[PDB]
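J.: Residues per chain, in single letters:
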Amino acid sequence: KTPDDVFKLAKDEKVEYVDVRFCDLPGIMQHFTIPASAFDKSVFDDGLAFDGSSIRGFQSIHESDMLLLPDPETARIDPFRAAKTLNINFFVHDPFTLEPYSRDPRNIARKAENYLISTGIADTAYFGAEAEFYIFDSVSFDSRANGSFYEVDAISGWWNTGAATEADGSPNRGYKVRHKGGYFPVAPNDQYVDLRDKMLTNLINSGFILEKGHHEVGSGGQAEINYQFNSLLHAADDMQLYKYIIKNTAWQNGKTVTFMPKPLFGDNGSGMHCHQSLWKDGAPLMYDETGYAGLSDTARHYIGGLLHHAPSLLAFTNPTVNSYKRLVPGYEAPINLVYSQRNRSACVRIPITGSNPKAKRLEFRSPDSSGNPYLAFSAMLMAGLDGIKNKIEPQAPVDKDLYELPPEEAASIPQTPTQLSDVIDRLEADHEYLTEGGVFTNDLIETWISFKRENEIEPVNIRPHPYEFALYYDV
Amino acid sequence: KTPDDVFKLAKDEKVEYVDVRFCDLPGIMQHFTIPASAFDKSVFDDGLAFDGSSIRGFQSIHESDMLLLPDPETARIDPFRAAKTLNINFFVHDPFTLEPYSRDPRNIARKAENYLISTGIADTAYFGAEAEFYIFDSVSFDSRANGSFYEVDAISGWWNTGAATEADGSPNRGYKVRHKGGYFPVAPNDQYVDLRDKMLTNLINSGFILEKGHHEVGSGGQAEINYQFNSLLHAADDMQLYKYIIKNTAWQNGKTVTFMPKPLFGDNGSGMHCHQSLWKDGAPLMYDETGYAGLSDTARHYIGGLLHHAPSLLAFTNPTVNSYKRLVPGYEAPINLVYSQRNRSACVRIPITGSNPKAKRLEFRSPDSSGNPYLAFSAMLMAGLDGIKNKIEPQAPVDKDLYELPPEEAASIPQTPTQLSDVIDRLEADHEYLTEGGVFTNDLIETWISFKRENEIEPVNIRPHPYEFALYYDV
Amino acid sequence: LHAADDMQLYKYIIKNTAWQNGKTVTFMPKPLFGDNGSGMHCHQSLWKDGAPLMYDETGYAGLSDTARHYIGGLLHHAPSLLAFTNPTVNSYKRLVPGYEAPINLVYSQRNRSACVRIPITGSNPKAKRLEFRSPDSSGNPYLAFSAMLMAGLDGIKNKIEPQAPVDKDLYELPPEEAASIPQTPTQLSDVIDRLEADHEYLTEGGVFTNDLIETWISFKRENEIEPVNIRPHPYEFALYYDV
Amino acid sequence: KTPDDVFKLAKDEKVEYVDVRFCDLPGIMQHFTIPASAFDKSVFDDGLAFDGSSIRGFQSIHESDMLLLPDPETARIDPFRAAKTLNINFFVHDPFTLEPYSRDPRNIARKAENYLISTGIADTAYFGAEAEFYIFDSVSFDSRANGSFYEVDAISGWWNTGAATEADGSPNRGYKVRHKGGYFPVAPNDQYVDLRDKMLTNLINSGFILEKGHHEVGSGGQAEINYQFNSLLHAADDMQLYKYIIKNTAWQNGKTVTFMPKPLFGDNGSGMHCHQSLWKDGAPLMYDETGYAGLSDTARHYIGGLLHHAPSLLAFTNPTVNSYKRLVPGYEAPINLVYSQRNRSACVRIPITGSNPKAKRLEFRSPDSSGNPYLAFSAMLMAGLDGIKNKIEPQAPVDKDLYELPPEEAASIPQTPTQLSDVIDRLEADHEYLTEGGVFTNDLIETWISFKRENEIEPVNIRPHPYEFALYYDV
Ligand SMILES: COc1ccc2cc(-c3nc(C(C)(C)C)[nH]c3-c3ccnc(N)c3)ccc2c1
Ligand SMILES: COc1ccc2cc(-c3nc(C(C)(C)C)[nH]c3-c3ccnc(N)c3)ccc2c1
Ligand SMILES: COc1ccc2cc(-c3nc(C(C)(C)C)[nH]c3-c3ccnc(N)c3)ccc2c1
Ligand SMILES: C[S@](=O)(CC[C@H](N)C(=O)O)=NP(=O)(O)O
Ligand SMILES: C[S@](=O)(CC[C@H](N)C(=O)O)=NP(=O)(O)O
Ligand SMILES: C[S@](=O)(CC[C@H](N)C(=O)O)=NP(=O)(O)O
Ligand SMILES: C[S@](=O)(CC[C@H](N)C(=O)O)=NP(=O)(O)O
Ligand SMILES: [Cl-]
Ligand SMILES: [Cl-]
Ligand SMILES: [Cl-]
Ligand SMILES: [Cl-]
Ligand SMILES: [Mg+2]
Ligand SMILES: [Mg+2]
Ligand SMILES: [Mg+2]
Ligand SMILES: [Mg+2]
Ligand SMILES: [Mg+2]
Ligand SMILES: [Mg+2]
Ligand SMILES: [Mg+2]
Ligand SMILES: [Mg+2]
Ligand SMILES: [Mg+2]
Ligand SMILES: [Mg+2]
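Going down the list, the sequences are from chains A, B, C and D.
Residue numbering for the first sequence follows the UniProt record's numbering, beginning at 4 and increasing consecutively.
Residue numbering for the second sequence follows the UniProt record's numbering, beginning at 4 and increasing consecutively.
Residue numbering for the third sequence follows the UniProt record's numbering, beginning at 236 and increasing consecutively.
Residue numbering for the fourth sequence follows the UniProt record's numbering, beginning at 4 and increasing consecutively.
In short, the hints are calculated from the structure, not lab data.
We put the beta carbon where it would ideally sit given N, CA and C, even for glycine.
Treat the hints with care, since some could be wrong.
[Claimed, not checked] Per label pair, the in silico range of CB-to-CB distance:
| id | chain 1 | residue 1 | chain 2 | residue 2 | range |
| --- | --- | --- | --- | --- | --- |
| 1 | C | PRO332 | A | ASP477 | 27 to 33 Å |
| 2 | B | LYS17 | A | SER173 | 32 to 38 Å |
| 3 | C | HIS278 | B | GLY165 | 50 to 56 Å |
| 4 | B | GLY269 | C | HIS278 | 43 to 49 Å |
Please put together the full structure from these sequences, using the hints given.
T.: What follows is the structure in structure tokens.
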């Protein structure tokens, strides 16, 4: 798309407002609105200003002013606003030099794609993502001097089988979902068919090419929708728009969605599996009929990179304290650093795709939706490329239920990290593969580390956990 | 129907979504949705993937990926979804070899039909089913360390005659159904006429050929709807679609349906009587004007097989712990292994059909709706075929009220099994008739036995029953 | 006899002390799911002319031949004996693994996972005895104590050898070794069935008579086994409402 | 005291019951009651039995039987029970060999005292302890699939200044305690004067020699009572009895006490400061008028041991997950490994005592009351003795407010450990100083490590924290 394409779209759709969007460092989209009458060439030539000091991971207060420049490829009609609105993503730029911002997640993705080309290894990295989520009815929580709580709730939650009535006083009609039992019985066990249909339709209407939708394993309304893969940057833009459409379709229909990794204890977490492949000149590079699981050397070394760099890479792919509550055995999330075909207990699964080279790819199962897809996809690529460049050999595939391994065998396999502080520590110690070609810079890495320590790790560490009262009140 | 018939139907009905369905081992339909735009030749040629490890009785996690291939004969428009949807049943296949899965219930029914043809005994097994159900208003239940409960409720339930008001605060207007008195007074005693009409209409609109609908014996909204018989596999597909339509028609109209065998204590259970007959080259094989109740030798030996194999066959026809609460005297369900014409106390009843050979058949009254109709119909066929093949003579018909037999004559007649663990034990010991022709395989039988022990028998056995408190609190 | 009279008076005193102080006591075997049941362990010994018969310093766990054969009787007759020592439907909810009640028919010293535990008592012959851990308080101590005695006496009289002691955690046995050890019965109807089939050891000397045994069997079937069997369990709704 | 002293006491006090007490591994006293008529010589000669498999950190089920032998020095009349009762502590012994149990905490303290004598360094280790606690009104908590909470409450809690009424509906009369403001205004600001007087009186009546009692810093009823120091084993027996008397005095007066390290967020935690000194032949060893803070070489090396071994020693002195919520800056608990005179921000404070050598001692401020005083005191002694034996020099004292240090300066002094798993890891790697003289054995250490990982560390790590919902619900 071009500037004129977007003006034509705005005029043809009789748009009243344009919503100007960009990504903060942690991974939440930010926006303000301008009237259609203020959406002109000047927006493309001069850009628009905002307060960089109010955005997380951006500027200090005395260097606050920042600039935004539009990305016409991202233009979509908003499905939700009563006043017709056109959404457009922007790149953040220095207001003096007009140089791209070093802490703009969209710029990182841009740099990753260009660095890929410059290596000669490939020209395109394709990402297909599966962002699972929960469709809840309610949530509340607080944290005080003398107490703390959370509660999420959902009509289909198994914890509600004994409820005398529903939240509105209507009768309990059963057909609630058992823990680990949501994947994927027909209605009325599946209570979210019509809502997920609306989500699917909203996505179709925003130009997504859809593949499937279904209830997921978790009780209390776990769900998954799949759309067509795309190249790195487009894929990360798609992810952000997808989360927006999912959350707001739920909202407009009286529900509340979360993408957090582990909202329920003793039921499945929500992952963001990333299917990845490299292509060059319109041809796939991942396939070799003679390799294990049909994998070429390039593919195997990419995996070698992911598994070798995992202890620091998870700082971007599993970036929250809650992430590490998902990385526990028995829930189809990884607990150790292995690859294996057909294996949903592994860190990297190779899906069964047959002899078609175009379909051959790896599924990185470790990542979740709790962070920044621009940074996450970029970091994965940089790990994989380091793997290829250094010919990093992964340890042998383990074609077993990785949660049921004998002690002697399990201990010869590197584990996933236990907690956020460990991966942040490791990122600080070893991040050279990310800085290759200036894709990630030290200022971004240092800001990230600092942000996670001060705003996440420390605040959780100093606050007493309710289960400590269960354990220790009577010491 | 062919692939092109289904594409034409999808296009003519302006379908937005296709719902991909298959059967788990215990007997619940599973589904995910794809857009109409993804429903193409590739769905027929390459199939679709799912996670076999999340489906009960299927795969382990390290061998998770499974494949689905469509069955065009099963294509129907969904009556419920606001976004126009086409439902299609699939067969489950190995993703490497594309071999039919040994634990796909739809495959077992396929295999049973082929085995029948290969014996030369007949070419067609027809099944007519009567799946009774209850239309409740509510249900709740739970199970904790210090207590446990269930409660079902229904406006027409006799337990509510003394209620001051209905659930919504409106007046009690009487005309509630007496225990064992629901079959079948006119409205207003029958409070479900309009709802059953809606169920009937939804079935007609999904291509069912309807025979009748009525209130059943049980208080609190017991019901029965009959549709035309069909050959085994088609009949099992019809049963699954029927349960879906009944449950969801109820759900959309503010009710809640259960097909469990015995939700009410001291009132009728819900059975799945199976009327069965064999045909060859378009001619019936069950009829002989000179036999007892018009039955041929072939028919009598089929019955011999059902009654001889019953102690293990009920593992598939009466597959739940709750099944055995229905097999008690006084409620038109069987308590012993006899056949008899006109006799609703018997295990096999021969309905009165006159001299028309095409109407001659046996009614197996033992089965209920708590399991898997693909496996249940197949197992019944295998038992009946073993009877024909071995010329198993049933014991003499007993034309009496089998609940009022003097202890002396009753002691000579074999009883129905008391509990699930007994039939599971017997299935394990003796299942050769099921494995004939590889219709059932040992892996299916072993998985079934193991599933029932670990997920049903044991969990119920270890949990104190509320009536034990009535009996023993004061010991 | 004195011990059975003591047991009845004890239950009365416990229940009523609780009652007078605003509480309510139950002796049922398993009132809580996922926590310990309540047993009635019976420590037993035979004496003659003021001297103990259970002790032999050379035997496993200090046990004489007389003691070992008594145990042989308890464990051999268990499938029918539990009809009097574990006489309720609720009894069988207690005989599950992980709660210091028995799940199989073995004896073993120091072992709270076993059916018969030999407590550690040292060299004093007067303290030597066996602890039968299987019984609970849900029945009749007069009949329970008597039945245990009759089983133990049949063991002595027929020199019934118990199978070898198993000094392990009987709940953590590998499926292989566990398959070789006889299990405790699963349910009341099984022990009642077995009592009906084989009760000769109880009728010795006319201690139990056939009228008592027949009345017992008939009572348990009609008033306990059948009434529980015909009533849907709440967990069946958890399992099957949505079938 | 002797056996006959105890019999005389029991007879003179007209005791009806004797309470038999011993310590489990984590640090909770266990008990059963025998009638006075069963308390005879046999209790001393033969001992009493119990089920070692029901006691945490003791026996497996197949080796369950354990033996108890009385310690006549510990006999005290119980202040609480209406039926007159004598409490006696016991040692746990092997029932075959009568050898002292290797996992009896009271045995470890016994061993530690003997090992001290055997080194020739000193013959007596004196411990003066300050076990702070909270006097709350209520507590509740739970942990479910979809939510979790705790709440503590106290009339004097600052969170209650805006309450319309008190819990019983009586008026809010103010005079509540500000956060960090409880040390130590007069009544009515101090609302616990009469209750602490009752606690003081019960202690005096159980033969404690009292020094002081006061409100402590924390809002919502923090308190401290001090009794006279003693030698190691007697001191640990005194601590256990003290906790019992405090808890039950509170209970009988309608309150609820906790000794947990950090029950309130943003207010003082509760420590167990341990004042320590070594004496030989009735003379003190800690004093040298020429040393910093009046400390001898022996004293300085003992401190060297404490600080050097701290990373593993805290596994016994700070043994819970909640312990590490107290080791945060700003609350008069340590955040780093320094000693300093007069300094309540330090790990080891040297109180100001003047020129009297008998009063010279070190205050180890790190420990809390959440574990086992027998093991805690013993472990501290072992670390100190290793310091003396190896002449470990502590780093120079730092006479500054350790919480106010700019971050670059703070980083130049070794920190206290962040979390329990770290000290448990370190204990596993390095514990030789504890095994000297067989005082701690490998079986105890391995059981401890194993208990903490399986029952505490892992269960807390897998459970989502309420503040994670505050941080991440909307990711
Ligand atoms: C038959 O030719 C193709 C070409 C590309 C294909 C791509 C996918 C694909 N789907 C997904 C999700 C949406 C299920 C996560 N990811 C991919 C994907 C992602 C990255 N690279 C490739 N090659 C495929 C799936 C099938 C394909 C088939
Ligand atoms: C007059 O010619 C016929 C031919 C087939 C007929 C089949 C039925 C039939 N109806 C039922 C239900 C729906 C009431 C359970 N089952 C059968 C049935 C089933 C299997 N085989 C046969 N022959 C009949 C009933 C009447 C028939 C009459
Ligand atoms: C004047 O002679 C002495 C002798 C011993 C003394 C002991 C203490 C003392 N008090 C405490 C608490 C109760 C406040 C924690 N701890 C000690 C203590 C503990 C261990 N060793 C010594 N020397 C003193 C305090 C003053 C002393 C004064
Ligand atoms: C069924 S699942 O394996 C579940 C994944 C799980 N929720 C996770 O935490 O990654 N996902 P998919 O089959 O869509 O890859
Ligand atoms: C009236 S009934 O006999 C009732 C059957 C009963 N509910 C059963 O449990 O099988 N059924 P039908 O007459 O439809 O065969
Ligand atoms: C501690 S326990 O082993 C518990 C026995 C358990 N309640 C039972 O059901 O037998 N009893 P004891 O040690 O008194 O013999
Ligand atoms: C006033 S304080 O310094 C407070 C100690 C704090 N509660 C702690 O957590 O160690 N105690 P003390 O003066 O009794 O040694
Ligand atoms: Cl962390
Ligand atoms: Cl059963
Ligand atoms: Cl039973
Ligand atoms: Cl920890
Ligand atoms: Mg998926
Ligand atoms: Mg998924
Ligand atoms: Mg996936
Ligand atoms: Mg009918
Ligand atoms: Mg009927
Ligand atoms: Mg019928
Ligand atoms: Mg006992
Ligand atoms: Mg103090
Ligand atoms: Mg203090
Ligand atoms: Mg102090």
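J.: Please go over all the hints and tell whether each is borne out by the structure.
T.: Hint-by-hint comparison with the structure:
1. One distance hint, 27 to 33 Å for the beta-carbon pair C/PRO332 and A/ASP477, holds here, with the actual separation near 28 Å.
2. A C-beta distance of roughly 34 Å is found between B/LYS17 and A/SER173, which places it inside the suggested range of 32 to 38 Å.
3. Between C/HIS278 and B/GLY165 the beta carbon distance is about 54 Å. The supplied range of 50 to 56 Å therefore holds.
4. Hint check: B/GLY269 to C/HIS278, Cβ distance near 46 Å, so the stated range 43 to 49 Å holds.
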